[PDB]
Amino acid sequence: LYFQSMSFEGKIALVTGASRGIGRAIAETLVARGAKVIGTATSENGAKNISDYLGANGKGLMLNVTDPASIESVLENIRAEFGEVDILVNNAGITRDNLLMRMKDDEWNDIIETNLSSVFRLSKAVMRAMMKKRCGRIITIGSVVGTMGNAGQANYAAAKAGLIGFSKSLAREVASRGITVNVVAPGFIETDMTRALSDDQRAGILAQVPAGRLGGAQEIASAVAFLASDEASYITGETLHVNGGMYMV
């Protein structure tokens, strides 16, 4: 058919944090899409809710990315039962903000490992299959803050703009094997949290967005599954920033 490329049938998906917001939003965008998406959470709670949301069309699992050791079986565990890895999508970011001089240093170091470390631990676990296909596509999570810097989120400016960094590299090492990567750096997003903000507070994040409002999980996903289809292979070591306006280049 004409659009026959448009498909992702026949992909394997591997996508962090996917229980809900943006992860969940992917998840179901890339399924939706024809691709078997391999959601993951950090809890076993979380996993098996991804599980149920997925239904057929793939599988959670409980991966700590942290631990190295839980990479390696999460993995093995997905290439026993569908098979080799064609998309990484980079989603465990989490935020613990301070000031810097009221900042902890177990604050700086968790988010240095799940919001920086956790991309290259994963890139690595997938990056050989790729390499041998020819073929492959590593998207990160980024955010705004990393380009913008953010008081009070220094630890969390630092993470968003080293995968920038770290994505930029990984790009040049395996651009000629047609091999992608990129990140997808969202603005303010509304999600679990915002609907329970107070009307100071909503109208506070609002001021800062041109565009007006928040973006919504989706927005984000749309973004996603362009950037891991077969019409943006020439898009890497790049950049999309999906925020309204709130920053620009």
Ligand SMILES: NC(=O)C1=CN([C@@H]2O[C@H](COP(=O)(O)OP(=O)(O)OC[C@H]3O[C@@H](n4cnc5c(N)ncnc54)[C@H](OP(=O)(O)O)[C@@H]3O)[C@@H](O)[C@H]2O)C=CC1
The other form holds:
Number of protein chains: 4
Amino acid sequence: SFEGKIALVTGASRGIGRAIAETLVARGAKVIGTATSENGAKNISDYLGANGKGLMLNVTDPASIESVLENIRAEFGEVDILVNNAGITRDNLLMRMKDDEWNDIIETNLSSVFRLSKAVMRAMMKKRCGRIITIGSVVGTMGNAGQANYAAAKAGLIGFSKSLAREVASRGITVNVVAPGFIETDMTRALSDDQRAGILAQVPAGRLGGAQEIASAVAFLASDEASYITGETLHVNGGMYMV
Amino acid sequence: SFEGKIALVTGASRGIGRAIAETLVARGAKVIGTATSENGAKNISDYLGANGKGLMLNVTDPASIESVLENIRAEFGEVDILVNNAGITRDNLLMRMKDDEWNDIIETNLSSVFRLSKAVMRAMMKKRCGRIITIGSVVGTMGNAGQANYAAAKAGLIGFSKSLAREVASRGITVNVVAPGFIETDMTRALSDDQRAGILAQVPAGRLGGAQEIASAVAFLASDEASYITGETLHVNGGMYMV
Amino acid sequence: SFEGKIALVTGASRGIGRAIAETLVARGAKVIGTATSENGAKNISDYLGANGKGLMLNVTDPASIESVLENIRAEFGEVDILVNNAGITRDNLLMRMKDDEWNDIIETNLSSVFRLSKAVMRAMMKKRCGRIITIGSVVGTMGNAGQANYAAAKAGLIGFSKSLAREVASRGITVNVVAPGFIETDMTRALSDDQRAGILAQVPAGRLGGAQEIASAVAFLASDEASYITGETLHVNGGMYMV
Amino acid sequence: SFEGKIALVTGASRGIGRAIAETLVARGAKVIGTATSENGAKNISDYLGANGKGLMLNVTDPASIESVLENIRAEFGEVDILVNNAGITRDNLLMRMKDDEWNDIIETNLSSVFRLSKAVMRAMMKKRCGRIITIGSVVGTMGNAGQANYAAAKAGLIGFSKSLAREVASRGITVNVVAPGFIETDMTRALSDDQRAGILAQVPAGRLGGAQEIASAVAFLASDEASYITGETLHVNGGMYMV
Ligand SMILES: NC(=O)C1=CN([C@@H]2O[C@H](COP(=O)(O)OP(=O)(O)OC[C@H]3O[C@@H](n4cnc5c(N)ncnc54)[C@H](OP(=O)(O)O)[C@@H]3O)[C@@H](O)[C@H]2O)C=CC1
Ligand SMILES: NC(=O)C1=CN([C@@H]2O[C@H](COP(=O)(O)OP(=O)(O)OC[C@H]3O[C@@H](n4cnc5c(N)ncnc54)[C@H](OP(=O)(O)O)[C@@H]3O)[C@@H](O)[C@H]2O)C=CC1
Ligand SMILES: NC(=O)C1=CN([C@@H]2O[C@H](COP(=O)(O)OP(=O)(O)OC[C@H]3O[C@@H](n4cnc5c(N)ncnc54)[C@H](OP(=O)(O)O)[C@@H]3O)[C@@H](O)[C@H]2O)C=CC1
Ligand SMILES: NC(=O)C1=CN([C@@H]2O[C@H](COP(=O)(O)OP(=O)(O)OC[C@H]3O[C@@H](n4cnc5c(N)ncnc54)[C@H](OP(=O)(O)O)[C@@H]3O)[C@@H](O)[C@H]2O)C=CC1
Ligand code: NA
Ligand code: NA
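Can you now output the form solved in complex with the ligand? The one shown was the form deposited without the ligand.
The complete assembly is shown below, putting the previous chain first.
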């Protein structure tokens, strides 16, 4: 399914990013997963073993981006599949939201998509084949109190993706977004009973999503069987929102 | 894979419906495909072989629906996956559109979705597992001059699907729409050389889609890897429209 | 603002339809409001007085539609502004939904839009000016358990409107949808405390909408100041849903 | 009318911003319009006369924002209506897009919306009344080749607006977006004869929009007749895109 393809998955330490990396490996890809520390990069190298490696990447630092891409090109080849998964939250109601909480979210969650996409596009255009998949959020579509920064970044990456899709579609490259709802992570596992119940009440499916479920959606769009899907957002949210 | 799941694909004679039926068989489903005539049903039985059967079905006729589902239950079992693919066009500008052209489109393309979905839901709710997937159209979301009837039906089945999705989500059933752009079939071949050039100019991918590309999307949603996707529309249109 | 214009408002007896009629009159229109009984038509004639009249109209009966339009053409002139407000509900979970509850909703809420729009379009096309505005619902966009019929009709009229908009836009006619959320009516006034509280919890604004608020939106789109809005849905729902 | 309401319109020198400012004055608002230079501010003061004032504002500079709002509070009072109209383009295909062209668009077109909205919200929350309206673009929803930066900002401000809308709705404040299609201004005049023909071919209305048509939409949302509209995008594009 992905035999001979090279994938770059940003933020592949755990959860969604790790499930994406593992799924792509399971279906034949060579995967480079990234973390913000050399130790995180080591842990990624450890689970990937013979099927890829971990590298330290800061998606807000241009020099870090060039270093990582040159390493990949030296050891593996040109990136066929880019999965923009790295992302953070800095929640606050707007009157409490600090300028840094705004700027860091825009930089890490939106400007990252610009930087990484631009860095891989030339080789994909030459090859007349490629996949760019960004992990958005239901919050980008519905909005959410206390997450106006996160919502701005997650909505903004859809506008970005639609525009890039229009630029590259004629050369067999697709550019799409997967938008998760509530996914079980270490964060949600630490919530109280009342807090989890409050989350579940929002989801018609009546459960949290799994990291693997997001990985399944990404792997579908990354495949040869999604060649006619571009500029699309695939919502994976148990019916929490419906558009 | 779909080992031991029973799928009903309406309108499986050719084009998108046939591609869906073949894909579901290849991945382990027992498939019942339908045509509007007994001769068409036999042709379906021929290609399905030991993995399924063709039946004559008119999706506008309640007696036909009832007879077909009883035949399926007697020979195979209860339907696990319903694919509402049957559909027609009756194109005209509104000023020329005949009552029959409106009504036949509503009955064939919209009311069919109600009738078939209702007819399979009880058993899916009992098993706490099910898939309903309806083939929509880009035209349902974009609109198209000369197709106000078709657009009404294809938009209407999205509203229907979101509502049903909300009713059944907590019992492990998903209800989704796959919305193709222009696909090379007997619905499209009838266009002129300049209509085809006009359509191609609207598609960033620079090509018509293939029937197998829609089948790939349907098969993804029908699978256990799409359990957290419900009330969603998956657009497969080469970038012709982006939402 | 509407001096010299003729408006037809279907279902103008009370609530939204009556507020629409009154607002259009207040801004200079001549208004014909419709009801399903001769007595309802009388009550409309009574509030409209010198600024229009009531007529008995059944939006599912073609002969009734021709009769009403011929009366309007004789007494007033050609319809400049059509507001499709007539609509019903027949709520039920899908396994309890009767065929008549499906068919009556499609006929009254969706096929009506086809019939009335077609009946007024020729004169608007000749005049190179016109407005068609249909009252949709938030349910058409979000879906709702127990309203799959209503949701199908309300979503279907958006697809219809987009297609018709594309057909007529070049001749200065716009075709739009106003989609209310929860509006205070006689129905909601009769609800229990717990029932009203359950509704309000869904609405960030924390109140029900007024019939006049929907009328304001319709009057805006009907005006000369909305000439560049077409194929659009204007959601008036206090933030109950956001697209 | 807006008797005794104070409106701030960013970028009111010409085009859409000027039309918005003039419309709000004509309907009784006291208007503060802004330009990036003192010479531009005087030109605004000239046209506003006794009904308002021009001020120099840079929406990327926190000190400029603070100074301007203090000037408004000292002379007029607290802002009741904020119209975020200031915006720029820095067009390029992604492969040629410079870091500056990305960053300046994000700062000017997206982060400005955060900064200005935050700066007026406290007083609106105290009064239990307010309007925030941001000028988006069709490109935010559709995407456009060569405008991935602009699209990211214009999509991003929708996510922002939905989130803020959710925070403030219960206190009688609305937060909405008006999304113009192609409007005859200094942003568009720079296109070639064949670009203009290419744009016109994409607009069913068969014409560019007027600046006053956007002002009409803004004025409707700013009014007391749009109290139940929040978190909404009002598309004013002649049918160029339909959602
Ligand atoms: N419910 C959920 O969890 C949902 C998550 N998402 C999205 O999924 C993605 C994964 O996040 P989440 O699920 O919270 O799980 P994590 O917090 O495990 O994933 C975030 C990853 O991003 C990396 N990262 C953070 N900052 C930077 C930076 N400056 N440069 C490079 N990498 C960075 C982290 O690296 P490190 O490991 O080195 O710290 C980490 O691997 C995000 O984009 C998030 O918005 C979307 C919808 C729902
Ligand atoms: N082709 C395209 O570009 C696109 C197609 N679609 C949708 O995809 C679906 C399949 O389209 P496509 O393969 O192109 O179409 P085809 O016309 O090739 O096939 C239509 C199928 O539906 C069956 N059918 C028609 N009427 C009825 C009825 N009353 N009861 C039961 N079955 C019926 C036909 O049966 P029989 O063989 O007996 O005539 C046939 O098997 C449709 O829903 C269509 O709207 C959507 C977007 C684009
Ligand atoms: N919360 C709400 O109330 C909302 C309502 N809407 C929509 O607003 C519209 C008004 O409905 P509602 O608010 O329930 O108030 P009403 O029930 O007062 O309005 C319905 C109107 O439709 C007329 N009508 C019913 N059947 C027919 C028919 N066959 N032919 C012609 N006219 C008919 C009725 O006529 P008569 O008076 O003669 O009985 C009545 O005037 C509907 O389209 C509804 O879907 C949308 C969103 C929210
Ligand atoms: N024209 C069109 O077709 C469309 C426009 N839009 C949007 O409409 C809005 C106005 O567009 P339009 O009238 O065409 O544009 P113009 O270029 O005519 O005007 C832009 C305005 O924004 C001001 N401005 C620019 N940068 C800054 C800054 N850093 N701080 C404060 N003010 C600034 C300008 O000030 P100065 O005069 O001092 O330079 C000017 O008043 C924009 O947000 C644009 O994206 C959306 C869709 C279509
Ligand atoms: Na989708
Ligand atoms: Na809208």
